[PDB]
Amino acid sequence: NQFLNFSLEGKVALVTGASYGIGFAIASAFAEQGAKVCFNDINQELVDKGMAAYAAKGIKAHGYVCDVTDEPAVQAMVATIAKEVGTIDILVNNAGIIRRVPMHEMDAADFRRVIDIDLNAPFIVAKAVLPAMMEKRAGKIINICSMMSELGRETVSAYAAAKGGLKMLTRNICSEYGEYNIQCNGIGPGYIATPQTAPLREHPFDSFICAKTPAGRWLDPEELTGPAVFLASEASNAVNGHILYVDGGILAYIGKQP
């Protein structure tokens, strides 16, 4: 029953920037579902750290040093993967940065670097994997979007612009490459409880998040892996050009009032 197939068995998956964090969680989940998982990071130490962490979880991953804004390096990475592992079946554009600076104070170079990593690079990696997917008439591209794909906030103009950009990039890849049985979709994460934010739950910030979220809690990073597996599997083949928000209800809710 292809329609209820949530297995990724035998599929080759590349998740960018997945030496740790949400990418690592999504890639580990793909491995658990039978996928052959690949990732990149920016230096050998991070990739080494990534590889060992995967290996400690019983996952033989394939790790590459690669800057996702450098198209020659990206193409060579995809070329290798295709030869050593298999042509990429599943791409997750996960690698990303954030800056927090008032827009009117932000250096032009810094705004452009946010756009370059968070919007231009997803296009580059997508472009690199699409020939082989078109050829096989099968492929999944998942763009890690954001609540900032929909809503703005002070200090994050460049990130919001990038993420709003990525959303339309998802819809365009759907429109342009859908006819090849390629599905390009988005995940928009809510507020994820990462180790770094632990002191914000030790709390006024915690109260604000909990009040804002119908579910009344932060999300565990692993709560994104179910959505990620779904979009990467045959079960979601008719889902295309869609941003799947995983936010515990935030974007649906006007908020808890006093």
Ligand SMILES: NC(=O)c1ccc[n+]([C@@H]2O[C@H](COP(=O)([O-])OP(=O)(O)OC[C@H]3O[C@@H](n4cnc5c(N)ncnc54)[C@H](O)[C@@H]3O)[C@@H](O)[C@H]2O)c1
Second form
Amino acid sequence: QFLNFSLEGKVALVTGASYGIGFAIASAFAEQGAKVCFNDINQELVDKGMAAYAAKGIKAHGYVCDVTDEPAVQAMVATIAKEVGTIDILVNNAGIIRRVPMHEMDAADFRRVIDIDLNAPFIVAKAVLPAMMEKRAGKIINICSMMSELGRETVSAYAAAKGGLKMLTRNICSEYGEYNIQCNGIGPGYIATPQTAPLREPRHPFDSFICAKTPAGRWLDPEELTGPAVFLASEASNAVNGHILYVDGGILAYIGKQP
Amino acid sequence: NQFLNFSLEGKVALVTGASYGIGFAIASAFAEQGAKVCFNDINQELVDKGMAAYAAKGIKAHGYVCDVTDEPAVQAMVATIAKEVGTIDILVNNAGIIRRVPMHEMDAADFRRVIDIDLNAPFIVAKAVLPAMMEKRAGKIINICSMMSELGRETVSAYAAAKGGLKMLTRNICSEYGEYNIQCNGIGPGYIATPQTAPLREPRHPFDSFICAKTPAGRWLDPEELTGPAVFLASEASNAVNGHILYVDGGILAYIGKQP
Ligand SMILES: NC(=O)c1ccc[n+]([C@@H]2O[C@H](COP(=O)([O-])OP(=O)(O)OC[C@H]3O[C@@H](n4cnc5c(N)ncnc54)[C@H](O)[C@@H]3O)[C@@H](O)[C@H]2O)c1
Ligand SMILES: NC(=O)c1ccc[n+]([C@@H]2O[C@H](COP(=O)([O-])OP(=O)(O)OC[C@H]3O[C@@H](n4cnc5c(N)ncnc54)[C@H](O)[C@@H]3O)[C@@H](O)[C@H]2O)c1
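Given the form deposited without ligand NAD above, what does the protein look like in the form deposited with ligand NAD bound?
The complete assembly is shown below, putting the previous chain first.
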């Protein structure tokens, strides 16, 4: 039981898992025997998701829910509690990136990013904790970034959020760890998504720059995050708590490749 | 010697929420180093109290009633200081609130407030003062973080999330505007001996005992302890210090604790 990475009979909710990282994590959760749920912002994105989960032989329970709407989240959770069962594994994947110079950035924009990337993980975690606290078992995996440690130009708001989510992780660990709730975090490095496929075509200055910073000397395929994700959702990581598990391929440990 | 000048002679400074407490100490110290001091608070009563205390130390503080979550109001406050006193050189995002509520019982409205004031506002205020700084190619932005920028505790959920975000905000303003010779650093106060906490140091108190255990220096930090660090980060001596959270804890974050 100290080495069981099985998620057999565990209810899982991965927010924003219609595609991308969240999808890969939810797919792998199903593969480990978890009853998978997910949500997105509109019906179109849910239907696309449901189709892809079906396409791998997965009965995903999709929901149209805005994570910044607390009443709507509260409902979504009670619906999953009714239909599927009380949530055991929360993965706050849902989030948005915005590239705007900070001095030029609208106050409305900044707030949006914080609301979805920071406050929402609060709201969703708040909803699923009463369930977990009763049964004295739970997992809450917040998807942080490398921006939880490092800043860059334009991504000011996004970093502020992810750095805040990092502490939110540590605080949910602090407060609810006694109920045998493990709240950890996953910090993806440079992930090779379909959107970034152009940047790996013919010696590209960007791909060269990334493979320099990365000791592993490559981009990380999203599925690389699934192993870690399962691990933090498993009963093997019950002693891991308040921890940000960076899956970067060595970047945060490396000063860089220098001529 | 311009690498060792801790003087703030002829530097305009804005310490948000500096009617009393840490912000007050920092601003009083800034004045003492020759800074033209400005501050703001949420209503006229708190500004007037503040102005009185600065006046009582022989300091001509330029007080303003401004909410830091109201961007237009802040935009205004900055331009007024630009007009009357001069373009801002030293920003200190001191203004902020603490809220102790179990996360699962906390209203979403409450959580947002704390983030808005403690995280988003520092953005708004920094946003307003940066154009000025970027022109003159010289500026200091000091965000007052906490130990909650590293460690969580019960009830202080939202507050931690805010301060941990402000920590990265600090690192990002360093990343983005460092090239204009703008140093954005942070100060992380430990357990500060405030007037509010005076009861907790009366007669062996379990709390005072617990704090002195966790603290190597074996004591509470008087607010004025933060002033030295603050001046240092505002001075031209700390020009190479950038994106850095200077924790002023008395050793707490380095110490696992006193154990029987
Ligand atoms: N290389 C990377 O792509 C990378 C690196 C580090 C971290 N991350 C993080 O990984 C997570 C997943 O990102 P991704 O690459 O899969 O794409 P993404 O950020 O687009 O995924 C988020 C999903 O949530 C949805 N969503 C947005 N707002 C929502 C709301 N209010 N309520 C509900 N759903 C909402 C989006 O439509 C989307 O499907 C994010 O938190 C992101 O910050 C990604
Ligand atoms: N032991 C401590 O007190 C301690 C420890 C670590 C960090 N800090 C941090 O240091 C800073 C200063 O602490 P403090 O005790 O001096 O002050 P405080 O926490 O009592 O509040 C700071 C000031 O900001 C003002 N303010 C609040 N909201 C405002 C708004 N919207 N617009 C304008 N002004 C507003 C308040 O009126 C107050 O005078 C805060 O960021 C606090 O979180 C304090």
